[PDB]
Amino acid sequence: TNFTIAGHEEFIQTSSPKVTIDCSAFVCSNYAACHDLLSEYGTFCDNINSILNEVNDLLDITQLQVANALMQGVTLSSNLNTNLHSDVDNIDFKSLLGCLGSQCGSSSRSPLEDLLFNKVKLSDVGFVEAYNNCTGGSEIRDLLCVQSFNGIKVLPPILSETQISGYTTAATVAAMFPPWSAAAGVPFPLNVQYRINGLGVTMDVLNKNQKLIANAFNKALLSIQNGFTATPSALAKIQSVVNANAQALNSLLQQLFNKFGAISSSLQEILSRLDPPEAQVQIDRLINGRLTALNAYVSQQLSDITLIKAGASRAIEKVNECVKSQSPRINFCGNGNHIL
Amino acid sequence: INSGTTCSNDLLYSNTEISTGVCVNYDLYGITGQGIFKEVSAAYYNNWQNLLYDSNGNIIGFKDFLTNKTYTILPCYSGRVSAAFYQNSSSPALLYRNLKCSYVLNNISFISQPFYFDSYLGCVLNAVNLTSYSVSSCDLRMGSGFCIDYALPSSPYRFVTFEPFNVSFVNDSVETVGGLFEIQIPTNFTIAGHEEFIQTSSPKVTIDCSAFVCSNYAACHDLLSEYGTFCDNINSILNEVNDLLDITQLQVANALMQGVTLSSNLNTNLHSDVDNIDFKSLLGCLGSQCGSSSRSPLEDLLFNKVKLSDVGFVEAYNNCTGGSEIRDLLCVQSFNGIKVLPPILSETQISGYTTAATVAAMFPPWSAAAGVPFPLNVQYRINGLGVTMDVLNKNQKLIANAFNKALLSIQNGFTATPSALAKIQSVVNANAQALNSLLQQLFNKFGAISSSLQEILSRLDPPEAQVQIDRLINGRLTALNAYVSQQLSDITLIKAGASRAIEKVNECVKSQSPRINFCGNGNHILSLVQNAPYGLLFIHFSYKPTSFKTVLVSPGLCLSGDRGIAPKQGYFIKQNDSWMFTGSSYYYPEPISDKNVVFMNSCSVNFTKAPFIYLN
Amino acid sequence: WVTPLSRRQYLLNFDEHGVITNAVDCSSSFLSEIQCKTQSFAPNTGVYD
Ligand SMILES: *[C@@H]1O[C@H](CO)[C@@H](O)[C@H](O)[C@H]1NC(C)=O
Ligand SMILES: *[C@@H]1O[C@H](CO)[C@@H](O)[C@H](O)[C@H]1NC(C)=O
Ligand SMILES: *[C@@H]1O[C@H](CO)[C@@H](O)[C@H](O)[C@H]1NC(C)=O
Ligand SMILES: *[C@@H]1O[C@H](CO)[C@@H](O)[C@H](O)[C@H]1NC(C)=O
Ligand SMILES: *[C@@H]1O[C@H](CO)[C@@H](O)[C@H](O)[C@H]1NC(C)=O
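Chains as they are written, first to last, in the entry's author numbering: chain A, 792 to 1131; chain B, 597 to 749, 759 to 1221; chain C, 257 to 305.
Pulled out of the complex, with its shape left as it was, chain A reads as follows:
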């Protein structure tokens, strides 16, 4: 008899931090007496260096695919939202919009995305701001500088976060102002009425309860915005991805302190106590152990990139068939009754 509109949030992982590992600076030593022995193993570093390159290439390809799916079939007016009223029919959409005018440059993140980017520290710009502090003097207990000195680095993607945020917010303003490219040329309230009529509600009730729909949308947006103060299910996965990446990096770095059957875990002690005629026997064990560790790491990365690509394809399909259009498939874009 009486109804309302509720909101729900979902997170889908698309990208992953590109990890690069240096061979000669990690497996043997930072010295020069180890390379003469490491060169006897042939071209073993080439495969380890090529696997990571292929993974990074796949990540770049899927990121470009997501960008193309977000930036396809979008036509906006020249007189864009230059401090213009971001509300349409008493529906405040300022919380999920940045700025795309002639002014307001070098910043395109919406107030909603700021709450998510402020709760994480190892973001795209985080590694950049944490790696340039090792030269001038970072924290004494900083692990990122040690990992970078040992040959483990994190490269930024080919597209920054600001550009992706701009490409995303360029799709929200599509179905708000003429022309409505994301709604096949239908205004926003008329599109909402058409999508809600398919459930069974007649037009006589919809034409008299527009303010109710506007208030429901505003309340849902406010609730979704306020739900970020606690720990929801969306931020949980975002934190878990970073925690798993950090744990993997720490586990890979910890392999340098193992003995692997030798008399010491550092070559500085071995070269300062024994002669070359009795040093290769001790160095071979460490070399083999670290090579096995690197092989295990690259195997785990090749196993995870498949699920990463699957999630990215799912996200691309959902973007193409849920927001930019109206697909007549039930129980795909939401939990039954889906309106937007």
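Keep in mind that the hints are not guaranteed to be accurate.
[As the list claims (entries may be wrong)] Computed cross-link-like contacts, EDC-like style, restricted to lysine to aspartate or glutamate with a CA-CA straight-line distance of at most 16 angstroms:
1) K1010/B / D1167/B
2) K1028/B / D848/A
3) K999/A / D1167/B
If you are wondering where the hints come from, they were derived from the structure by calculation, not from laboratory data.
Using the hints, position chains B and C with the ligands against chain A.
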């Protein structure tokens, strides 16, 4: 050892002051190493402790005895440098990440570089600052939306911004000009053709341990048999991958021919033109008056540029025992156990499947269009976008001309270098590189006396040769395991792409699904499928407007009697002091009818009042 | 003329007859290191580490 107070007077030196801020090598009371020292005030040192260790056993701080001061040690810098190199340039552009140019020119490098500048990523050498210039695509992507372009002329490299996608801008208003909205409606249209390639299969590779680890020696087999069944798992995984590929190919073949019904009076070699549309470039043999091999001109053009096709591996392996040219890299891999096997189905019967699937959408009973002829089908498809039926029924020759022009353009585009042929060559190049990298492991020493079984055998006794053979055995087993892991990682993506191709064939070619932004780019009309080396080629036809016209519209009106009307896939215009209806993709005005709009028993205040529309 | 010598690694090119035509010292500059890594005298366009 290296920690204490009992010194030796053999090689004596002089005590120097502890310098700070420089990467120096220290010999502090026995403990050695390299690092940078920093003076800091500490109050956590007792009388029996003078050095600070980390949680893993590393010196991080210490306290001197002569000066009673506390110092902290930090490791020195150690990293790589990115080098962007063009095809035929003379010097690559250098990039040090997260390092300012004021640190690399006086602590790391000492060469007089006349070109250097800081950026968001670090210091760039041998390049210019041109961030204010954008670029569509690049080949050398650094990161954070930055690219390096090579322009033939200072420094020929330019550091520019990477912007791959834009948005279309239209000079129109956003506000309501008297309750109406100004929108652009097309006036003249055409049919455009796009092409895409989806990979379905992968080369089947088989490896044998009886020829890779131990070629023919008995002393090698005696040590290899001690590990047990370590080599049977490799063959099992390879057979499983081959079976998965075979099942995938069978599923694709079943998806191609599913419900197709054709006439028995079609084998005439003359029924190849319908509605003045030439389809000779897409059809091959259909009947009995042909030979064993039969393909289409497009498939022949695609296969003539790929040598490592299905028959290519067979023709290459046949020329290994003759004596013409045995210097190729294919026979040397076959002599060591790595052999490429052909798939179950050949590239000829799949061509026949595609030809039958294409014919099913041309002639009766039209098993690919639900019993609707091709012109009527394409007319309904283009009408579904929001155009009028009169302009479609009046202009039928233009549609066929546009189809023929698009097909000829797609056929001619193969002479250039497109992305489809690019990927078709990239897959086989990656396969060849993987095979070469796997083969090169046989020449590695793996910490032995020589990378050859004969040299190890006929130089020492078995008691001293067992370890040398075991080293090579372990290395080759590790290489084989890595290759198997890579194959298992690739087969998943192969199967995912094949499943996506099957879904696209089922929902874009054989049937017209209402899923928008799935088979095309919103204005999709139809699609056709053809075979291609290790995959399928999809040719999509889209509706492309050419001209545009601005017009004021209103999203619904309010009639007399508290009743409202709303348009269905269209707009309301005001022409000659009268309200008429227009389509969302064309500008053919038509009067309002019952089957054109939707009624409602109440109208809002935003609708425009028009009590003169007596079209009930 | 006189120049000193040392144990260094070079990349040599042999023609069809067997005469050395091109030589690259793999420790001179960055381009030489790229050519040594790719084992070719005309490497492809790209970013190398
Ligand atoms: C770099 O060189 C300058 C001058 O040569 C010196 O003052 C500074 O301490 C050096 N920095 C490092 C980290 O070596
Ligand atoms: C350092 O401290 C010890 C502990 O009392 C003291 O005996 C010694 O004289 C001090 N040395 C200097 C140089 O102040
Ligand atoms: C974007 O604009 C640039 C500059 O005019 C152009 O080179 C590029 O092709 C455009 N890209 C698209 C997708 O329109
Ligand atoms: C559309 O363009 C074609 C080719 O330029 C022309 O032959 C045709 O007359 C045009 N139609 C209209 C309505 O302008
Ligand atoms: C119309 O009929 C003629 C007469 O056979 C035929 O040539 C033409 O292809 C037909 N066109 C369509 C669209 O059916």
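Here is what the structure says about each hint:
Simply put, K1010/B and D1167/B have alpha-carbon atoms about 52 angstroms apart, too far for the 16 angstroms limit, and the pair is violated. Restraint check for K1028/B and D848/A: the C-alpha separation of about 14 angstroms stays at or below 16 angstroms, so the hint holds. For the suggested pair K999/A and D1167/B, the alpha carbons sit about 13 angstroms apart, so the restraint of at most 16 angstroms is met.
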